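Notes follow the structure.
Below is a slice of the complex: some chains, not all, each in place.
Chain naming follows the written order as A, B and C, and within any one chain the residues start at number 1.
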Amino acid sequence: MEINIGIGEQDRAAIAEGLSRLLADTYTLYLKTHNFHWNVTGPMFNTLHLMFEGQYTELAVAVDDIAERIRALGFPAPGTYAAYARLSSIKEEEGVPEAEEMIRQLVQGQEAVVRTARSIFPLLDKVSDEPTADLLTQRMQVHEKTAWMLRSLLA
Amino acid sequence: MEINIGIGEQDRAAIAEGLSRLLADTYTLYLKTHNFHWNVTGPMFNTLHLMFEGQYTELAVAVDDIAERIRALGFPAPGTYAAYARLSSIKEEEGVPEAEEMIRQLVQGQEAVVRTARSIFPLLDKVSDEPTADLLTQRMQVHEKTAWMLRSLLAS
Amino acid sequence: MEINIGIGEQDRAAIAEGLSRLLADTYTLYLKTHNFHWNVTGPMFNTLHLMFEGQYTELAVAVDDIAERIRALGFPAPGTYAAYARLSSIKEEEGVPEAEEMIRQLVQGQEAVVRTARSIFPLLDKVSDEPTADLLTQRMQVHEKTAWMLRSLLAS
């Protein structure tokens, strides 16, 4: 069936490509947060183990919300290691950092997702895509709140 | 008491007029979806009976949310067959279509509500009615998601 | 597939027609109650907004129970503005009455549905349809209880 939602196909394609980067960054942050949840040690173990659990649980919902918007626009949602590695701007961490460096990297990760979200708003400038704008806004809100909670631990 | 929310009376009346159309389209889609929930048959009965139930349950809440926004603007919320027949832009189905045609009509219905919402946005941008703009945005999100799920069923 | 539930097709058709009137009245009362929920004002706002919400929430379940009995008898459940306007005996209200008149109209609405339910029992005279009789009975119970609560508000 045709897709008749007030956005041309070329614009929908461009928006889906932007949201694909957002999905890749969100998913990459999801796994890094999960990773640090398992692997953190030291006197902050209990508090960070729990904090990182709350974060990755939220990000698992977020990846669905972003993927579903891509589908609503009429495009497949990427979902493989190869696709996400190509699309993601998150810095990979292959070892086990000290707890304070884990915190720092997760702050940087929140800010990287915000930066990707901000990069999509220009694609919406000439277009009427209020739902996508709202999704970007909700993601920025969560990541900016999470950045505050994380960087507070480093004070 | 006067209404002092940063939107003048003429503009609030115009927003209420638009939301009355959105309310009527949402209600018409609600009743059509409820109808199809009762009346669908064929091998997809269990999946569509359930899917249409989720949809009309969500739409019943949306009807309340739209009507309450009209009230917050200072105007009566329409709520009769006669009013909704005039205000709506969705054709009702008077018979019992095959399941695939029911699906197609509900795709078109989602898009008709999005189209009505789209007709109201320029007014909201002009007068800066941020809460109504957010309401319309949420409706567009829901309807565009539901259109994806429905049309997916028609793919080969 | 054949329907073999101890009621012949001609009787099932007649009972389904009667229940179609009950469905239309119940749905029309549902929307009127929803309408008054949004639109009531005055010192009784909070209590009537809440009371009417309880009522239309219940009526939304009731319309399913009625429509599903029609389907069990082997007939399509009506569900459009045109079909309900034709079948309904509820008096339409296109304006915004005072709170006390909203209450009076909803009492009349309860009693109108009861009258419609009572009108169906003769169709069951010569047939064995205990489930339909029970459905009518349950609706009469709910509407008679609601009528007491509503009219109590109009006493001194």
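The rule is simple: contacts are C-beta pairs under 8 Å (C-beta built on N, C-alpha and C of every residue); 3 or more make two chains touch, one makes a residue touch a chain.
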item	value
Subunit count for the whole complex, all chains sharing one sequence, 3 displayed	12
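The rule we apply is simple: only the chains that are shown with their structure count from here on.
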item	value
Chain-level touch network, classified as line, ring, star, complete or other	line
Relative orientation of copies subunit B and subunit C, as a Cα rotation angle in degrees, nearest 5	180
Subunit A and subunit C: spacing of chain centres that average the CA atoms, whole Å	50
Separation of subunit B from subunit C, taking each centre as the mean of its C-alpha atoms, in whole Å	24
Subunit A and subunit B: spacing of chain centres that average the CA atoms, whole Å	31
Multi-chain contact residues (two or more partners), subunit B	none
Residue ranges of subunit A touching subunit B (in the complex, touch as defined)	1, 3-6, 68, 71-74, 128, 130-131, 133-135
Residue ranges of subunit C in contact with subunit B within the complex	28, 31-32, 34-35, 38-39, 60, 63-64, 67-68, 70-71, 76-85, 92-94, 96
Touch list for subunit B against partner subunit A, complex	104, 107, 111, 114-115, 118, 121, 133-134, 136-138, 140-141, 144-145, 147-148, 151, 154
